Amino acid sequence: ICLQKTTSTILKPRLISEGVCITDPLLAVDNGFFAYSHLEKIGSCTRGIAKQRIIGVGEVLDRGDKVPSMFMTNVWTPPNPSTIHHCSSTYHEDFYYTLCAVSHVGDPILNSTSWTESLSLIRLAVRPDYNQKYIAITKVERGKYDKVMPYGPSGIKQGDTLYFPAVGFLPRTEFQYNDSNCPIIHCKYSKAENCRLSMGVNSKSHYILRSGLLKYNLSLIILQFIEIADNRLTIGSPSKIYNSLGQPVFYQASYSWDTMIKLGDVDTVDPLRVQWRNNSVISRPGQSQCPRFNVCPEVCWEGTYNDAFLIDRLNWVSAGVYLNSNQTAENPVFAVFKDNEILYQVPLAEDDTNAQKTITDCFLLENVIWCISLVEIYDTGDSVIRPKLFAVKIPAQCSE
Amino acid sequence: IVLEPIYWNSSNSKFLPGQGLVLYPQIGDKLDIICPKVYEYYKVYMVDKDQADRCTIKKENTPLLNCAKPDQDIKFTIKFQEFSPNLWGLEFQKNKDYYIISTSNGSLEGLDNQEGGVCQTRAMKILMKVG
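One line per chain: the protein sequences are G and R, in this order. With UniProt numbering applied, the first sequence covers 188 to 204, 213 to 323, 329 to 420, 424 to 603. With UniProt numbering applied, the second sequence covers 28 to 65, 73 to 165.
No incorrect hints appear here.
When the alpha-carbon atoms are kept at most 27 Å apart in a straight line, the in silico BS3-like pairs for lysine-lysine are as follows: (1) R:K57 <-> R:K130; (2) R:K103 <-> G:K388; (3) G:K347 <-> G:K404; (4) G:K246 <-> R:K128.
None of these hints come from the bench; they were simulated from the model.
With the hints as constraints, model all of the structure from the sequences given.
Here is the structure:
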C-alpha cells in the first residue's frame, strides 16, 4: 500500500454507476451492505419541484473483475417527497436504520424557528414488514437543546446501540462562549465575537447549531442528543462518524471560517470527544468571506461537505475526493494524504467539471483496500444531473 | 470561459448610468467581482428585479460581498451552473436574469443602508443576462 509521496498516476478511478436534478445524496457502507438516498427534483438542484424521495439499501458485490458494484435490494418511497429531510443511516444486525427528519415548513436548517421538532426512522432489510418498517419517534431526549435532528450521511453501531450524526439548536440567548477563546491572534482583521456569531446562520440568528450524535439503544424507542466537545468548535455541520480499523473516526463539514479539514479519531463517544487532526493540506471551497484556506475567524456560513476516510491509523493516512477550487463547486479530485502532505491524488473529471457534495466509505474487497466514493458531478451541456459512484483501488506499490 | 473580472468601485466606467453594467454570461462561464484594496465600503447582494429596480435589500438578504477590508483584495467567484458552496439554493440557469447591487452609500457609516445608495444614484448594479 503506497506510503510515499509520489506524482506517479497510481490511482485509477473507475466509474461504477430530462430537466431534472438528483440531489441530497446519501451513501453509507457497512461490512458488505450499503444504504442510499437522493431526492429527485423537477429542474434546479435547489428549488425545482421535488419529484420523488428514495431510500434504498443493498449489497456491495465484487464479481470476477474484482471491482465491487452496486446491487440495490430494497427501496423505499415516502408518500410525499417534500417533507422528509437530512436523512442518515446506521446499519445493524441485518438492517440499515435511517433517521430522516420530517417537515411541514421546508428544510429546517433554513426555517428552524418554525420547525416542529418531528422525526421518523425507517429500517430496511438488506436481504428482504421484515423488509420495510416505519417509526414516528415520540420520545427524544436532548437536554437543553430546544430541538435536535440528524446531520450527516452515516453513523455506526455499538453492541446494541446506534449512533447517528445530528445537530443541536440552542438559542444563543442560552449559548455559553468565552470570546477570549476565539483565536484571532495572527488575524489582523478578525474580531472576537466572530466565533460566537459564526455559530449561527445569521450573526443575529435565533439559534446556534451545535454538532453531536443522536443515541439509539436497540436494547430498549428514545433518541438522546450527545453534543460534540467544545474543542475546535465550529457551527453545526453535516458530519459522519464511522468505524475504521477498530475505532471510529469523526468528520465535520467545514461550513464556516475554519476551512481546514475537520476529522479525527473519537476519544470518547458519549460525551463526544474528537482528537481533531492538525491537518494543513485539505480544505473546501467557500465564498468571498471564508474561501479556501481561510483560518481566520469570520462571520460566515458557507462551504461544502467532503469527507475523507482513514485508511491507515498507524500512519494516519486517509483518503477522499476534494473540490480543488477556492470559491466554486468544481474539479473533484480523489486525494490520498496525511495531516501535512498529499501523497498522491487523481482528478476524477476535467478542470471545469462541476462537482459538489462528495462522500467516501472504504473497505476490503477480496483482501484489498477499495474506496467507493459518491460525488455529485456534472458537465455544462448535460441534460439530467445526478450523483455518480466511483470505486478506487488503493495501490499496493508506489509504481504506476 | 473566464470572463473579465469586474471591479466593484465608484470609478468603474462599465457601470453605465441608466442601465448599470450589463453582461451576457453563458452557462459554464466564471466571473470575479472584486473590491480592490486602497477605500470604498460596500456590501453587495444578489437581489431580485424589483429590488434592483427599487434599490432595496431586505433583512433576509445575505450578502455576496462584504467589502470592509481596506488593505485586502476582497473577491467573489461565480461559476454559472447548478452547483455552488452557497447554502441558500441560489444557482444559475439559461435565459434567466439575475441582479447584483448594493444600497451601500460607500462610506463605512452607510455600509448597511438598506435603501438608496450607489445603486440608485450611481448605477452600481450588475445585470447578468444569462444564456
